[PDB]
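**Q** Take these sequences, add in the hints, and give me the full structure.
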Amino acid sequence: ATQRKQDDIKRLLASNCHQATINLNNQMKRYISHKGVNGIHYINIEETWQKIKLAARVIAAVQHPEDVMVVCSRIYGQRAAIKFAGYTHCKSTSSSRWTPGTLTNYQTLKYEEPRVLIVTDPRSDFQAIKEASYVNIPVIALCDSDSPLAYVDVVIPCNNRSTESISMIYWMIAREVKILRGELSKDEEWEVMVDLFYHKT
Amino acid sequence: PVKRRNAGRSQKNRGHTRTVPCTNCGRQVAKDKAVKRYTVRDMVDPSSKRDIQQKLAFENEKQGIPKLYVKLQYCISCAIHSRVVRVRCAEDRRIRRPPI
Amino acid sequence: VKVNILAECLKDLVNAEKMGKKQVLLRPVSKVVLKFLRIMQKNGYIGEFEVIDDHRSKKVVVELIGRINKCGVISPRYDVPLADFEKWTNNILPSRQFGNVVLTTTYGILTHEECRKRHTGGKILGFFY
Amino acid sequence: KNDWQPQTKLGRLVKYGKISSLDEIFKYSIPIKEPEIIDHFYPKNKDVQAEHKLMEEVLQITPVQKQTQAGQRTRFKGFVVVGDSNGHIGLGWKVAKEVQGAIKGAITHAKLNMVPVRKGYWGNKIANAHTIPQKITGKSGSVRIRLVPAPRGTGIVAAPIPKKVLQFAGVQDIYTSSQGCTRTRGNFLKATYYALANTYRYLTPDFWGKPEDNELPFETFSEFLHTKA
Amino acid sequence: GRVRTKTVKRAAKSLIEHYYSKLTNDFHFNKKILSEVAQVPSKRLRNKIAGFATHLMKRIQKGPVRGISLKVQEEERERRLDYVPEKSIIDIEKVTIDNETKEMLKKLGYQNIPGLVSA
Amino acid sequence: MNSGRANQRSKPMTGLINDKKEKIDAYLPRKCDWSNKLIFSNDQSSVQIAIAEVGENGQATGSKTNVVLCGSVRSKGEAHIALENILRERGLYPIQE
RNA sequence: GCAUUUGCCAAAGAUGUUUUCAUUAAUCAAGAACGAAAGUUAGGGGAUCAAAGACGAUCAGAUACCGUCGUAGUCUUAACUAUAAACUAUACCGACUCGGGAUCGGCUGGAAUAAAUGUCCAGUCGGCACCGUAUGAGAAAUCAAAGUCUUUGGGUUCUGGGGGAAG
RNA sequence: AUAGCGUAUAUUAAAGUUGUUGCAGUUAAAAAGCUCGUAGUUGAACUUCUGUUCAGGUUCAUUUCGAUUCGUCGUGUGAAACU
Ligand SMILES: [Mg+2]
Ligand SMILES: [Mg+2]
Ligand SMILES: [Mg+2]
Ligand SMILES: [Mg+2]
Ligand SMILES: [Mg+2]
Ligand SMILES: [Mg+2]
Ligand SMILES: [Mg+2]
Ligand SMILES: [Mg+2]
Ligand SMILES: [Mg+2]
Ligand SMILES: [Mg+2]
Ligand SMILES: [Mg+2]
Ligand SMILES: [Mg+2]
Ligand SMILES: [Zn+2]
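Residue numbers (the entry's author numbering), protein chains in the order written: chain AB, 2 to 202; chain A5, 2 to 101; chain AH, 2 to 130; chain AE, 24 to 252; chain AV, 2 to 120; chain AZ, 1 to 97.
Read the hints as simulated data drawn from the structure, not as lab findings.
Residues from chain AB that face chain AZ, not an exhaustive set, calculated with beta carbons under 7 Å:
hint, residue
1, 54
2, 61
3, 137
Backbone N, C-alpha and C fix where the C-beta goes; we use that ideal spot for every residue, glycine too.
**A** Structure follows, in structure tokens:
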């Protein structure tokens, strides 16, 4: 608990990143702290923080950022993740329609060959993960309690339901990646509001 | 080629289940196997309803005409022929709570 | 009805190696099971293991890495004269180049190799590779 | 258009003479979809004495039937084996309405299917690994094949078909055992192939230690790939 | 029977794709534009293409359209969508915690971090 | 009870070695860092994750840990676990603050 | 195979046990207890249906499907008989390998109320199942066993070896 | 094929189509309608574990060395399973 870390957990809490649906894929058993009277499943936030940083370290690892690929289906993380790809200089799946064959078919128009893949809802974005499975491509996923971890290498426990949550997760990851890349000081605050990544109605 | 896993009858954990005569034909059929639909209909065509509800002597009736209750039990040949149940594709074949 | 505790423990073991599991709880256990494990460990396959004393039979946790391709029991425990060794090493083992057939002898429980070096034989227990 | 323009990252890495050897591709388990990458490592300059000469063989050609809108529509299937007698083998098959077509497509397939057989020692280890490290098993459809290592100069003891496969793999000495309906040639071939492939799947005792940790070719060569050609 | 075909819709997509800055709500303009821009073997064809492309200009004026990706106009539209107040929603120095959230924080020991208001 | 796992990595891996002490083995496969299985030529789903090294200034060092995982492990959804623990034993996780 | 009320008679599982015995167990040629329906023997009974049969109709022909009748049977005492697609067409005892809700019977805590042989929640033991899923199996259909099988051995009975002839 | 070579019949491999090794039995032939049970076959765990010292070989390794030679010998030193 530095001031930095306290700011991190405060941000995470405020964005309500720790609220989950009621189903537990048992694969998630380890990431979930509390099970409430109202059935709400509560995530340990420390695990979230840790995983965010881990992820950032995987992304810093790929030499050339365009070999990292963010994939999102839902409407919330469209905005957030396109901004993410914006600051992170990587590739975005914009069209919510992921084309079967995108990773597998060298003949497709959307054809990509990332070194690392990042998905917003393993459950929604599943076809992407399945394709990654055919190519030897590792995956960082944003993961709710209901989400299958099959073929998922880094789990960041989240609430991938809300804009607030998803957006501030992609945000924090982006900021940490910036830091690791020396595009940003470790001590310095980032002038980009989280509010950008929110989905406007 | 086992067609159904159910084998058509809902019966497990017993050797024997009571046999029921089919409404339509009267053929004996297994109570598990039987296509059974409970019917609450009205005795009368809606037009006919208007006509009668005019003439009802006791004005203290609010929906004061009885419904007709039927527990209808069909042998398979009958419930197929009679379209109560009809042929579906392999995947749909296992669908359990379908109507509207 | 439990017959052959070595068989229980061995199969449960192989199963967990096969499922990529990191360790096995093993119950119940015998001398023979522990000497068999002491053998596989000495020979490089399993890792460290711990014995748990419940007042009755016992339990045994086994750290595995993964090495064991298979480890079986032969039942019945046949009679294996020195003459028959060839048979059993050709029939049971993956290749000449490795893997062991463990036996009880009046000189104790041995890698079939330890048996050629001790010049004895006769009761087959199991194998691992 | 006799010049190859790579559609794969790996394709680029190969054509431009960057990834060293074929086995290296096999090592980093980089998927080969491009049937060029393979002809690369096997040069067509034609020096008659190399055992690295890449060989193609048609094995099967089948008149397959379909009943379609009152017509009976025939195509051809074919099976093809590709191998250098030194360590490397692939098997492929293709359906097409013209024979030489089925053949070409099957050659291409077989190349995409290249696999690293492992060669072991029977008895005392002296010179040329003449056989397999262990006994292993191919499984395709009903069929099973078991490959058991044989002593020096035993030669290949095996049916005409798996024999042909094995010779392409460069296993000199072997014992065979087969279960199932073996006359189904595609399943027999397949089985033998998968079997041969499982050689490297088996964790033998000599594989026990810590492996080398290397960076993938793509991470090393990242600079190259992101130049625009 | 006025359903329009493959050739025509591919065409219209392309014509907008490259030319959107040149294009008008007027058919008669867009048909001449097309004529200059392209090889179209038929009068009839060109006119069908121009009409559909016009139709799609009108559909674009209203909002997003499937099948056509105009990256310039989409990035302009993206900058359009950003608006940020100075306060955000996100106040680090004041944050509100449920009862259950509090229980999990007790578990991690973070229950007391500065600026946390329980509800 | 870690001992066997450590001793396992203690010495280097070797392909087939004849009595003349040559290396005969065409290539030395990578083995998975969790299950310790062999990484196929043909493995569609086997994966090598590189993770960056971090100086106290947040700086990447350009230094990388590579964690190899094998098809069966990712596929069973053990990956998200395996990795974390592999990073423990290498001393890189959890992340300090 | 078993479905109305109540009373009686003996029996049973699961659960609960910091109760007792202490290997007393598993499977099983011999040898035995059961064993739908139909059928048989000797009495009863006989309402419904209803083989045989008598008739109507239908039909080229109907000794059939349909209709009106109707005997044995159907029910019951004592007895025989031993057979079914007697079907999960899936032997029994024992391990071990995925996930998820629900269900029937015990128990253990907890919560609400109108304070109980009732609710809800969380455990768990045993049942009948189901839904996902297998980098497990299979010729497949499919199978959480039909998995832990050429990487072939936990214990034990039974059965098969091209088709007919022929039970 | 060859001074031999056809054919018929029994038998051997082919046959994991008799199966101990080694087969099948939901639907291809195949689990007995069901229980009890004697022969038969089958049977849970525990007992001088262990440690310390000596010697003899037998193996192993080799940044110990040697001698000679087309490879054995001697020697190290430690390391083993022994006896
Ligand atoms: Mg029955
Ligand atoms: Mg055969
Ligand atoms: Mg009578
Ligand atoms: Mg007439
Ligand atoms: Mg009558
Ligand atoms: Mg209670
Ligand atoms: Mg089988
Ligand atoms: Mg399969
Ligand atoms: Mg299932
Ligand atoms: Mg067997
Ligand atoms: Mg039949
Ligand atoms: Mg005993
Ligand atoms: Zn009927």
